[PDB]
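What follows is a single chain, given as structure tokens, in the form deposited in one PDB entry.
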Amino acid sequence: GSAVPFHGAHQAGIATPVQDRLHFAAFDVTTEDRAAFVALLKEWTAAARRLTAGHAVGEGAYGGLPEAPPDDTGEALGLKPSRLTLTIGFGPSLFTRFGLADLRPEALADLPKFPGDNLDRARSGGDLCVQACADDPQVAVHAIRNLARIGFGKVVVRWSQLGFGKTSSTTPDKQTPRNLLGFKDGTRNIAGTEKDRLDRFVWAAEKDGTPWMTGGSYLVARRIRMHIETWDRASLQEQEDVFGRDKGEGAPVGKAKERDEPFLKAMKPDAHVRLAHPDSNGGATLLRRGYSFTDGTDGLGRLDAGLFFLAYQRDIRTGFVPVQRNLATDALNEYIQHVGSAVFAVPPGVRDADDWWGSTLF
């Protein structure tokens, strides 16, 4: 139920322990007035400080003027902060507005087309994002709803994704969660305690070429549908061969324990772990922070199931792109399809109570 500190050199919600629930929203900007957009970023920051502390936005949820709408929509009254983090990102499309073209980071690379892609343009892209993670889904929804309300007339929601359950880990001391294929997902990630690895692979540095982004990160979001019907008729051995780990313990093939180090040459050459491992990718390492979803049925008699894949990295060109390219032959591709995509520059942290989201850019 505790609060995660909002202020810092970095935004919370990245290295932070992974919370149980996600509500991710991509927004498009509808104002061409830079000053109004700045005002919104300031108002949003003020609301975020309230929300992440378990407090109502503005003057509260009730007890104001009877004739006015309440400042806060009220559905989180009486609830704990629930480890809420709110993380903002700017998409490549934002830099076409407000005189920002020259400030677009080179590290904010457009993704190439990948084999097998079937991207829904309506559930892709976005001028900006807000990642709301918390242990209570009502707290997360309340946060996105109230930010959207404050932003009426200046931003609209383009698309959103709820995650019902995490599929990622930044805390190796705690149980690794399973994805809907039934395998632990998150064993070999980057932990929040690994400052050296975070500096090497996740946070942008000044020398990288874009000063305003120092202490920020770059996010890739990929909506991935899972072919559950096909997977569920696969043998146990086929399933384990796809990954290169056993299903029960999640140990590397031939080994006894989950966290024993992989011996890659014992895996099939198309195994997911073998292809995705840093040693197969010139050392490229990601912070994975995704969640599972189910969006009803497919209309054809089956449950829908997928994974909303989130990866943070110091540079898209040296993180997601090389790794995903190396997955072109992945055995897992028979059971998945990427159906949505977006990239964002995640700015540095809000340093103190006088700072605001995006201040280093604007």
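Residue numbers count along the first chain shown, from 1. Only residues modelled in both forms are compared. In this text, rigid core is short for the largest set of C-alphas that superpose within 1.5 Å between two forms. What changes on going to the form deposited in another entry:
- With the rigid core aligned between the two forms, only one of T87, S292, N146, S169 has a CA shift of 2 Å or more: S169.
- The protein segment that moves between the two forms, counted as a run of at least three consecutive residues with every Cα displaced by 2 Å or more relative to the fitted core, is 164 to 173 alone.
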Given for the second form:
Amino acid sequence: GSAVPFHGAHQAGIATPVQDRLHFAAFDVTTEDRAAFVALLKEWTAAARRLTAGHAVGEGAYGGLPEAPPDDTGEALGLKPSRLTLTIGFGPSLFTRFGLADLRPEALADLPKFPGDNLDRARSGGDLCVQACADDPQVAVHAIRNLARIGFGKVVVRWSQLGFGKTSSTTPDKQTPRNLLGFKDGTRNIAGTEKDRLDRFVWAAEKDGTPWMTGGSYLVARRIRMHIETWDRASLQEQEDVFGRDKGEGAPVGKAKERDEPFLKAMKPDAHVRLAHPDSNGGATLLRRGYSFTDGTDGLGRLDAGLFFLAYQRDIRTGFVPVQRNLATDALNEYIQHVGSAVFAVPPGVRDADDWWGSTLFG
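Alternate state requested, the form deposited in another entry (shown: the form deposited in one PDB entry):
This part shows the chain on its own.
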């Protein structure tokens, strides 16, 4: 497939097929003027319609008046749409502007402090996010660079993260990706095909309390560093006991195949799968949509690598919070550290050509 439709009851980039690459950006708002911000949301929506179809923004990247800057910065000319999706979300800090304080959803809860948190304030929070997913990373970067340019004077970029999953040209669609610890990652997840499970666990409903959010969802982002060089010194048995699945096949202990249902009593009590499973958490179930990262090496020569964890849910209080609380004693905690965090309310979809991002909130 080459393009993903932009219009719908829901924003694309949640339940639509998982693309190979991510560019995730958090923005802070610099204007106090509600009218100026609405004008920007309409201009951004018009740009997103062009970008997700493989077209340049505005009048184009070349062929305009020579004495004017081009409307599009030009680095995606000649590339394909690449399944680009652009998903916008609103942080709790936006609701302190524009008279919105009584329209913050109760489901957009502030996260508690969790044991072992080491959060960098500069790579946490944000008034707004745009999640750009595509199979070509230059298509994703071009989208973020041009939205930031259109918004200059009204928004600034607070923090940015590049990520990667599978490379689809060489890797079959059905094959579970491996994370940078070398384990299969995504076996037991909500799939975009499971319409009733998305209604139960992912999409906000009208009766949940906040009518503007009907058909939206709630996003938790966590930048999780892995202690790669410590993990690589652990024995094979220590690594498998941390998860409760074997490394080669990814089967649950005492089973033969990856997709065999787990028997939780055969795993160690503090194994990651046993603690995270819905049966250990009162039925709490998440849509995981995260990406691996490798940013470089730190000052000590260690690899700056890990998982940029993204979870979508109907209510932060009944999805991420109870599951992450249950990981207080996870055997995996020896090898990871949460170093960035943010939460966002992801509004409903853009219904047609005349609609715009945030129209249910702003009017």
